[PDB]
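Enquirer: Given the sequences, and given the hints that come with them, work out the whole structure.
Chain residues, written in single-letter form:
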Amino acid sequence: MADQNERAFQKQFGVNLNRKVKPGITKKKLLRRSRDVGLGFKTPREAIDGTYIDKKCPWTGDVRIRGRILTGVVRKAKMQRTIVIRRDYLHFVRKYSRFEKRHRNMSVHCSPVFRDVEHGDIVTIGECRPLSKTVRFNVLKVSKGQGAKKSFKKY
Amino acid sequence: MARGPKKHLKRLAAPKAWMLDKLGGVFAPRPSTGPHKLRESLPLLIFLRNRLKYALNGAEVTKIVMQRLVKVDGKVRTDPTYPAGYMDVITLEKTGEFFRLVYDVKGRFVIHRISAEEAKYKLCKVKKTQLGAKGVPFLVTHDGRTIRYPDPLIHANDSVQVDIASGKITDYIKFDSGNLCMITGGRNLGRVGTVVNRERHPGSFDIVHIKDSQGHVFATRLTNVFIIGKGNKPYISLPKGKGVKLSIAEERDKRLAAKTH
Amino acid sequence: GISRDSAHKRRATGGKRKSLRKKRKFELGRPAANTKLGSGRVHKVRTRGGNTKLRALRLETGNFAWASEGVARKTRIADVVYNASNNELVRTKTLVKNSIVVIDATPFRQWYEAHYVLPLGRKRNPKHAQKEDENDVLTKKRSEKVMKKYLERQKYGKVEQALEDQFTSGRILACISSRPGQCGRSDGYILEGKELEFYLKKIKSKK
RNA sequence: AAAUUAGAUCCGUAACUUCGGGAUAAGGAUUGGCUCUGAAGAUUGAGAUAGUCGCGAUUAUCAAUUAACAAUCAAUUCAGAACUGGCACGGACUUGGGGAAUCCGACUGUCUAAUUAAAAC
RNA sequence: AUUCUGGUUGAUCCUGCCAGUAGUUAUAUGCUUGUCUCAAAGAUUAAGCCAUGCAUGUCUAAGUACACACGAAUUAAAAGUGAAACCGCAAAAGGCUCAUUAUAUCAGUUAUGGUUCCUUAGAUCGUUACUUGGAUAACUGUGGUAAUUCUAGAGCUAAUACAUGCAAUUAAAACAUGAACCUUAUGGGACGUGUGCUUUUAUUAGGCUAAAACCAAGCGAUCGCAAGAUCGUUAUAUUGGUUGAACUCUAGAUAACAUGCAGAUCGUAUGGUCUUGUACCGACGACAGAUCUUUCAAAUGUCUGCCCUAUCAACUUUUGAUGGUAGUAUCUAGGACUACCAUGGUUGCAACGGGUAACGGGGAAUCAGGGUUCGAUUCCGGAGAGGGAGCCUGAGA
RNA sequence: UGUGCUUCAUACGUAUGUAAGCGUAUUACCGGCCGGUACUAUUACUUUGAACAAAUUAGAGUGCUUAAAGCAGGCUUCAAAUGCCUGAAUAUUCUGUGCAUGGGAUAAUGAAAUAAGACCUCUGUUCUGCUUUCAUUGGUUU
RNA sequence: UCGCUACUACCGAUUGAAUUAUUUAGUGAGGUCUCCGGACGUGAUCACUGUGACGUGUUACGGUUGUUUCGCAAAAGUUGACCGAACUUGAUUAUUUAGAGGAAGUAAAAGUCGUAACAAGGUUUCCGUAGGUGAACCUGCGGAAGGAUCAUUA
Numbered sequence: 001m002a003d004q005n006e007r008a009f010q011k012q013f014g015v016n017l018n019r020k021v022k023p024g025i026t027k028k029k030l031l032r033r034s035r036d037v038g039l040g041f042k043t044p045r046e047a048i049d050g051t052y053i054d055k056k057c058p059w060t061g062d063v064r065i066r067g068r069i070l071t072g073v074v075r076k077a078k079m080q081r082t083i084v085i086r087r088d089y090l091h092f093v094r095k096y097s098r099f100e101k102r103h104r105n106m107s108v109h110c111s112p113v114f115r116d117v118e119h120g121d122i123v124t125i126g127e128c129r130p131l132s133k134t135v136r137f138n139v140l141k142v143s144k145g146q147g148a149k150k151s152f153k154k155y
Numbered sequence: 001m002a003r004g005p006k007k008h009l010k011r012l013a014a015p016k017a018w019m020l021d022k023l024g025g026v027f028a029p030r031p032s033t034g035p036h037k038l039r040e041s042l043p044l045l046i047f048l049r050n051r052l053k054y055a056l057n058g059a060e061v062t063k064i065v066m067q068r069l070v071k072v073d074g075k076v077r078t079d080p081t082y083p084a085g086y087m088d089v090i091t092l093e094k095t096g097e098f099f100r101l102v103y104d105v106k107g108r109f110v111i112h113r114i115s116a117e118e119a120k121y122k123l124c125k126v127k128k129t130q131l132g133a134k135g136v137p138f139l140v141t142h143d144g145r146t147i148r149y150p151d152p153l154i155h156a157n158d159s160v161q162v163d164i165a166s167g168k169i170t171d172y173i174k175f176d177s178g179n180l181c182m183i184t185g186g187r188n189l190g191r192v193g194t195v196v197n198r199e200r201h202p203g204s205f206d207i208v209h210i211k212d213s214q215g216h217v218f219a220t221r222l223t224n225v226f227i228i229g230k231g232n233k234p235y236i237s238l239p240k241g242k243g244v245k246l247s248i249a250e251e252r253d254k255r256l257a258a259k260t261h
Numbered sequence: 002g003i004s005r006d007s008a009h010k011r012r013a014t015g016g017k018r019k020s021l022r023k024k025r026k027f028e029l030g031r032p033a034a035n036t037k038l039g040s041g042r043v044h045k046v047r048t049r050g051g052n053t054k055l056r057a058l059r060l061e062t063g064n065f066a067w068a069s070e071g072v073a074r075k076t077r078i079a080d081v082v083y084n085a086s087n088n089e090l091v092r093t094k095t096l097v098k099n100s101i102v103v104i105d106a107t108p109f110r111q112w113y114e115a116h117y118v119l120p121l122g123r124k125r126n127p128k129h130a131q132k133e134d135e136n137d138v139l140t141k142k143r144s145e146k147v148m149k150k151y152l153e154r155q156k157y158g159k160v161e162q163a164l165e166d167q168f169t170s171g172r173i174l175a176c177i178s179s180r181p182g183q184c185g186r187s188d189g190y191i192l193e194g195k196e197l198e199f200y201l202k203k204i205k206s207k208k
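Residue numbers (PDB author numbering), protein chains in the order written: chain AL, 1 to 155; chain AE, 1 to 261; chain AI, 2 to 208.
Where hints are given, some of them may not hold.
[What the hints assert, rightly or not] Derived pair list, reagent style EDC-like, types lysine to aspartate or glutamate, alpha-carbon separation capped at 20 Å:
#, chain 1, residue 1, chain 2, residue 2
1, AL, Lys29, AI, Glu196
2, AL, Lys133, AI, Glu28
3, AE, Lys233, AE, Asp206
[Claimed, not checked] Far from chain AE, some chain AL residues (derived; all Cβ distances over 10 Å):
#, residue
4, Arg66
5, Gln80
6, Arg81
7, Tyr96
8, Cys128
9, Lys154
[As the list claims (entries may be wrong)] Derived DEER-like restraints, expressed as beta-carbon distance ranges:
#, chain 1, residue 1, chain 2, residue 2, range
10, AI, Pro120, AL, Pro23, 17 to 27 Å
11, AL, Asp88, AE, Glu199, 47 to 57 Å
12, AI, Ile3, AE, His8, 52 to 62 Å
13, AE, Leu153, AI, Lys142, 33 to 43 Å
14, AL, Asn16, AI, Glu114, 16 to 26 Å
15, AL, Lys101, AE, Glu250, 40 to 50 Å
Since the hints were made in silico from the structure, they are not lab data. Idealized CB from N, CA, C, for every residue including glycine.
Expert: What follows is the structure, given as structure tokens:
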């Protein structure tokens, strides 16, 4: 993302940039571990060589997925590491036996491990602790991945 | 906590798995926070006046339990409303009674007078194996009897028989696809054995498939599943005949219609 | 009192939620600490159920830890140089969490050449023209008890250039890592490798 | 007649209306001194790597700078905070009272030098 | 117990409404009433005010008992009843009501690994007089103001109230530091020191597929006369852990930390042992103990679901609105609050505003079905005690 | 990818309504046809479930004398008699959301275009990595 | 149309009147927290005084002493913040209400005036639009048949 452009030192908690004192001799010089949330979600390679920290990321921060896993299509992606999704469904009414179409918007935290998140890509989200005032969900898998029609161009 | 914690509980709000009548009082026994939860309890005003009919008022129960004649799980338990849930061996050596609270197939419990030799141990399942209690290991039981220093092959989802004089393990029955089981908590209550297959849903709420001796395959959550031995292994005495998954009309045909009188 | 949850505070559409539950105790807030560098005060506040935390207005001393050692030597706290939350908190010398702070640099150096007897970082050699006479009362080797352990090191004793220059001045840059309004103390670690080079670029290049 | 208001910054502003207005409507808040803090510019940027000859003088370069690149230098304005006294602070001076209507003339303009400046022209 | 009749015309067939029709735990009211079983009942208007009376107090052989108030007999054991008073606990449940409240409450679902917790049960309790300090009620005694409510001054005295305080806290063992140790190595020591838990910070391991080519110590082992040279066996990436996982999580070690806390308590029996000599030990319960695990809960958050209104189309954001970031604050997440950046966020799938004679839901009334109307009302949940605000003690307001 | 044939299990030469055999391979191993076992384009719909308060409601059973109710009671029996016997159902509801499982008709989206198409040319050109052994422990490195 | 008798609802000077909640500014009771503060009530030392004891050099016990050292807490009162009732003012809503005059509607047929329409209603009617007129109505322009023509005129 941006490399320490805040007033504080944006640092990963509990990791150490230290070499002098260590029991044994065990270096291997890749010092940040990643969580794997392991719910079917292969963690990306950029959560291993990740220069971002993101204290609200579920792989490299102190949030962990629990509760509902939902899906949604992106509509706007303009906030700082935060998107909003569209979640389209139907509400059946029984004095007509027809469907009534509704939707909701969810303020969703977008981890910086997902480069190039656009609307309208499909996104699988998952519930967390209250992250900021309306956010309660992290992205877990943006379901476009490749460009199946937008990275396509003939010749 | 919000001006709590609600010391009362009403009749027609206590469960009808204890078969309380709608008239007979405004209130309900309200068990005093023991090992078992409230909706999985039988307070000792129920077991003495309503069931055994040793009393006839509510005052004639504190004139029983305060004389230390009652004995829940070897200890005395002079609490007049002790919860005393699943498989709590109420071992009355006077006047030689030796019950055990095992649950009936109709969703309810049933009075089951057991043998006095196997009364002095009971079977209980484990919930969380963890470190920290002395010295490193301990596990918690379904009633919550934390017992230290267990076998390192007892994981969760298994049961161990606890002697009532000690607090020590003697045998473990672990969760394989050959072990007969028992259900407590859902619509499938009281039905006994045997396991087929468990569907592990990662995060969360695994369900498991259970096949009765009639071939009656069904399913319930893994939370409700106790375990009481291997295939055709009753490791405790069970009550009336196993919870066969009777039909609805067959109980109206077994003894209600086919009735000698 | 001060309240902490959203009885007020209009919703995500822009709309005014009205009334919401007259005022409840369990969502209270408290007036802050603003722990200055005055020596030695603590008030303790009775908190939610039965407990107590230490509201340590006016602290002066802290259990600071050189993280690259596995050491934690208590010092006193000298100066509050930099802070990312405000500059009202630097100027009034208030200690909260991670204020960049200046401590003592002495109870680490005596601990340093206790286990790492190699003399660095060295001061002006006009003072160092004679010793009293340290290099033998350091180790003396005994021929041979416990003490050859001080020479299979020297692999550890090359603390970086931007830290040993900050030891010769006898005051070092640290960082608070406790909650002085809550934990009752102002402890912390010290800047070594790149937490240093960020927070020191923040000072002398801004001026 | 006299008093009241008055600078500036900020907020807020009705009936009507030729939609331009009315309007500085009305109505309120702020304002000194002293110590700092923030923001808004310019100009060269800054060049890393043999040694001939004896590092020294004749002596190299595509680009990447970069995310405060580093010093110099330049004016002045605007926001913020802490402390601080007889609330005296636009401390003199410079400097609008406002509003609800009726009549006449639309407006700016012109007039009886020396009694009428208007609704007259 | 899926039905319709009268009324527009001089008569007709229609559209059409009016009028009939029946039910209503649905209110009032009118007239009359011999039983009897159940029984709703100041909700509607005024959540408008209120005479009087009561609705919260509590003792075991087991915290403290100096009452002749009553028991007995020179035994301190009175172990009796125990009034009072102290201390402990409870008084935050219930009970009443429906003003407020329109995604708010509520209902279901799911979460808390984002927290907290009296009690209850279960497990757990070594790193200088060991048996103590003072001071108050009850009680006595003299008082005050219109005024009983209120309370002062003095003399007494307790504890499981308040306060201090373990010589086995006891080290070997463990293990750093020195130490009378002294050797070509997966090598050895007397002793002096130190090592409660808890909080805080910091570090390091953190749940894990297989071998050699070659090599310094050549120790195990081999060869070269040897200086030694080529090799090599295992105990050595040795902690639960969701069986979704850098759970900062319960465990552990390291380097510290400050500051507290740490069993000077009680009834019934006593004999093993008598020298009746503080040499010799049961069963019980507790103002109480501390950590972990439970449990009665809570409080937040997830995903859906609410009435009328466009003669309400754009709202939010100075004064938090949407996000980032560091903080503070709280039991904890979080614009909850602050400071600095970013300019977001909701919207014809009805946002925002308004109305409500709106507490929500279970449920109730009525029909063949589809449904309409109601739910102040005994059950769960929310809410409040003339109107607002504040707050103490308490695990909990 | 709709079925056809070959059939056989199965209502009466006829009827497959359970299934098996050809349309080149409706998922690879071991076990004694049978289990562990590797692998699941998607959503709506639908099957059966799970899961969850009671009262109400539906209503099972029952002579409170009946009844609305009630959750009791009944029997051996006029008894003596821990002397027995069984109760105290099952459901609409808490309609939908959400979860598990079967189905794949219907209805949308999805894919391979001068190929950032597939298996393959499994080439080693490139990889990533780290626990087993270099006695212990360090270097040379496959 | 007009006239008498009623009834409802409008418009309207008064920049009317009364509420109702919601807030901008202003003041402001209390309280939490905080900066100090230090009544009284101890600790405790400084000396000691009453005596004895040792070698009067030093100490033991008493004086709620003398009076300096040193604390320990702690009431009143206070400084600053923060929650904030409350009243005063302004605006904003959301209802209700008094009003000279003005003007529509309904009931009321039995009043006056004329006859607009329905019969080729005696000028066919209706519509849109303008103007005019005591009143129904009239007239222009355009339209329609719901017309009095479904039309016969190589």
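Enquirer: For each hint, tell me whether it holds in the structure or not.
Expert: Here's how the hints hold up against the structure:
no.: 1; hint: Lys29/AL / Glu196/AI; result: 18 Å, holds
no.: 2; hint: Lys133/AL / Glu28/AI; result: 16 Å, holds
no.: 3; hint: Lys233/AE / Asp206/AE; result: 25 Å, violated
no.: 4; hint: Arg66; result: 7 Å, violated
no.: 5; hint: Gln80; result: 29 Å, holds
no.: 6; hint: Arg81; result: 25 Å, holds
no.: 7; hint: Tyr96; result: 33 Å, holds
no.: 8; hint: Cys128; result: 13 Å, holds
no.: 9; hint: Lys154; result: 42 Å, holds
no.: 10; hint: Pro120/AI / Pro23/AL: 17 to 27 Å; result: 26 Å, holds
no.: 11; hint: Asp88/AL / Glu199/AE: 47 to 57 Å; result: 30 Å, violated
no.: 12; hint: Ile3/AI / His8/AE: 52 to 62 Å; result: 34 Å, violated
no.: 13; hint: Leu153/AE / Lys142/AI: 33 to 43 Å; result: 53 Å, violated
no.: 14; hint: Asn16/AL / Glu114/AI: 16 to 26 Å; result: 24 Å, holds
no.: 15; hint: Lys101/AL / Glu250/AE: 40 to 50 Å; result: 49 Å, holds
Consistency note: the structure conflicts with the earlier hints numbered 3, 4, 11, 12, 13.
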